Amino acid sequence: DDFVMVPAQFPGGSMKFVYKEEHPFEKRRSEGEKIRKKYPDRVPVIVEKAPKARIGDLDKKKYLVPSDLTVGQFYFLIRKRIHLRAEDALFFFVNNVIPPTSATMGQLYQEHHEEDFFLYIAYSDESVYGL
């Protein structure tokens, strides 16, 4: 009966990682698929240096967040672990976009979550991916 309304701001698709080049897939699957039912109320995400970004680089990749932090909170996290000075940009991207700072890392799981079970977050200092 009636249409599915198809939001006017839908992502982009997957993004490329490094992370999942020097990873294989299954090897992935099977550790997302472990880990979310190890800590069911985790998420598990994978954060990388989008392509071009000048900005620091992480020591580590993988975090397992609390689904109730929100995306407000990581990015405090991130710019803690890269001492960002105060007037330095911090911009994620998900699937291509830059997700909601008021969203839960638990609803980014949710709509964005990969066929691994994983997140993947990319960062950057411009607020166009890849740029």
Given for the second form:
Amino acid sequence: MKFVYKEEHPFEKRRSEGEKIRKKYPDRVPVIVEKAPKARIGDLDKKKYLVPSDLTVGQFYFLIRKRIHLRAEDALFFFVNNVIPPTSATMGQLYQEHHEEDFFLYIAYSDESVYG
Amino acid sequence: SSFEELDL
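One more: the block was the form solved without the partner chain; return the form deposited with the partner chain bound.
The complete assembly is shown below, putting the previous chain first.
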């Protein structure tokens, strides 16, 4: 899954900025959120988020839904490494399990249940 | 460029 943020910031700068942002906000995880390419769905103004590490995936669904101006009845799926993460997991658990070597967590969102 | 904090 291609993230534009990776193409526009080289790995080394990403890594040093992730280190800095984990030090400044130790109880928050930094997350990159991008729309999946083929998804017919609202785009998001910002990509970089600081998220409380005890926030659940469901609560993240709620907040992201608020930001793309979706109704609760409209569909919204998250993907971490092309897999839908469990709704009950915390963002801290997701970070520990799936953070990349630049200290960032990468999440894609779509209106479809399969990434593409 | 910056990070947007998200809370409930």
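Numbering follows the first chain given and starts at 1. Here the rigid core means the biggest group of C-alpha atoms that line up within 1.5 Å when the two forms are laid on top of each other.
With the core superposed, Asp59 shows a C-alpha displacement below 2 Å between these two forms. After superposition on the rigid core, displacement of the C-alpha of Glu87 between these two forms amounts to 2 Å or more.
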